[PDB]
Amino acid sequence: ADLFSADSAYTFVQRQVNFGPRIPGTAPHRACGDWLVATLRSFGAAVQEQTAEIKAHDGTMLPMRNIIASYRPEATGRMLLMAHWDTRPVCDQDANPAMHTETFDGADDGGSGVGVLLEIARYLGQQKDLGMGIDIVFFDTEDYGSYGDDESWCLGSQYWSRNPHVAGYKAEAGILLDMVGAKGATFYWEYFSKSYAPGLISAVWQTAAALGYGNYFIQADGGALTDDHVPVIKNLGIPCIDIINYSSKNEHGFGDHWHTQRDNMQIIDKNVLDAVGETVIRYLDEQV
């Protein structure tokens, strides 16, 4: 019995990629967001969209579109799962400087976390009685920033955590998935995750260990990464962790495909998606 379908998650990554790059303000972004909403609703979630016009670092006005999907919306004890769904507009880390003005698929950076969570949604919609409320949030406009400028990233999570869909929203725990699909990925303890949610990072990494995934979930320090979980911690006080492919042994910390033309379907590994999905589902089931 396989609780998390790696084949299905892989297909959700490919679906997103086949729309074209999900660049804020563009037609593939609108079409893919439409499909993400319809698909979450077909898996039994109550889905609402949170929209706003946000100013990006270069002055572009972006039509931000956060996607919020809920199971058992009346329950007071809730678990929060997160991923960003936009694609950075340019592969400005490509090894070929001529590519820094071009677009790329965002298969891992964007596709992988959404794909894993769509498959978890499919699983949740089949349960006959959830033991807690569950929210799945896909943040927009995470990846439109500038490297010297931390506030220029994670615009959708900053907006949502300051203006959530219920007043004073609380979840007991929050898990962010970012770049969880590439062959050879290494999930170390991200610093802010460990500093603010030691119990959660311990429970998740220990669950992965018990499932046989200690070759992916490494019990050692990783990077201090500003990501969508940090605004949630700071503004909502929810202990959140980030599961993210990162190692200080990597040239750019992130995997070698990050913000290059090689972040495309050929670097995606079903076994990495499975390790992450099976760990998350097991942890969720053991909370109830």
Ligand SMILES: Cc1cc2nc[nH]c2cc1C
Contents of the next structure:
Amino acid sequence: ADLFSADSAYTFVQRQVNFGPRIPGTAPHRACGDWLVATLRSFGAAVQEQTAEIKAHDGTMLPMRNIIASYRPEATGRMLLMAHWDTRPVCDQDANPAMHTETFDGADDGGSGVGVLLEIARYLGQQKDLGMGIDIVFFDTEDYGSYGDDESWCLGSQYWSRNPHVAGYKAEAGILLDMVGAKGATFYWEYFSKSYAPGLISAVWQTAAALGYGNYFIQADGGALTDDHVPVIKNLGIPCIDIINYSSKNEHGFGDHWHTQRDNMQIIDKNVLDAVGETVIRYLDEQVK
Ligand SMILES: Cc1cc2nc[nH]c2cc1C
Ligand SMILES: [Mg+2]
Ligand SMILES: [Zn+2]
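Please give the other form, namely the form deposited with the ligand bound, since only the form deposited without the ligand has been shown so far.
Below is the whole assembly, all chains and molecules, this chain first.
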């Protein structure tokens, strides 16, 4: 199956990275956001932006910019796809205490999910007579928190889930992609995903298995990860899963590149992007019925 161009997704990641770090409040962030909006529109999506001024953990006032792209916005049966598009300002997990004040590319952490969903949006824009509405949401200000302070992360998704772009917004299911591009990635059952959306997690992991991606989508418990999907679950009641590279066997749970200078384009593996994208596209295809 090649409904999902791995080369194209890779290129989308590289473009994001070549803007420079998409750090909230900086010029590369603004330019990359403009480009994301324009690209989604070029793929036939109706795109709107949700802006707000939000207070970070350190009092910094961030210009949150969520990006919402919709196909068939009038349809009542909807599918939701999510990723965060900001970059963490500092790679304060670098295994070199000197780099805890510098910037990293966020190729996997932010770039990968956005790239996969941009390629999926291209695919969808080529479809005529979609069977369901589809919303692609790029959350801002996901990666600006402090460790141990759970509420300081996922600010864009908190805001959107508490203030959706349409009153009573509902989708049948939600899929969040987070760090879905690194070589050797392992996608285990994230706890909140399986606890609140067991049917969706089963369907997606079995879809991946059927496609030959059981080496990436492992049918075993992973971590309990408070990601952008949890506010959506809690405040909108949408069953959401999180496809995220994480393993308790990793020193940090997340890949060793996470929040280091090594989260750059050299960590990206086209085959991982392809596994995730082919899986998600096949699931969508079998849901628009
Ligand atoms: C702490 C944390 C950091 C992240 N960075 C990208 N996704 C993330 C998810 C969590 C839960
Ligand atoms: Mg493919
Ligand atoms: Zn991060």
